[PDB]
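Now for subunit A:
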Amino acid sequence: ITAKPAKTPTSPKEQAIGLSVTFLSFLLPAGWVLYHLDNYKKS
Partner candidate 1 sequence: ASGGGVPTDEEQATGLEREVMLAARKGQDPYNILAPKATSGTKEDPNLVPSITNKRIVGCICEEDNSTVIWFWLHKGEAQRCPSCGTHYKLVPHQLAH
Partner candidate 2 sequence: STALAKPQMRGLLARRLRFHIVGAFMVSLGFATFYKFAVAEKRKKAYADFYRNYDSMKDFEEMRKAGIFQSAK
Partner candidate 3 sequence: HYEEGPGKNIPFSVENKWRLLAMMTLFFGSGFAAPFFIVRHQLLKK
Partner candidate 4 sequence: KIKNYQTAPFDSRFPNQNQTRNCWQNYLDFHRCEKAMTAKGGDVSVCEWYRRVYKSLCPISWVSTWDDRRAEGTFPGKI
């Protein structure tokens, strides 16, 4: 396939931000639940 160059280029810095935000959106809420599992058990 061929394509135009990016209309709104995403620099390495911007990719690191998008990748970081993405991973955190998965890891933090589940990490919060799992870390407090002991507090849920025993209720």
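Basis for inclusion: all candidates are chains of the complex that A comes from, given by their letters.
The working rule: a residue touches a chain if its C-beta (ideal position, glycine included) is under 8 Å from a C-beta of that chain, and two chains touch if they have at least 3 such contacts; residues count from 1.
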item: For subunit A, as assembled in this complex, the candidate in touch from 1, 2, 3 or 4; value: 3
item: Touch list for subunit A against partner candidate 3, complex; value: 8, 10, 14, 18, 21-22, 25-26, 29-30, 33-34, 36-37, 40-41, 43
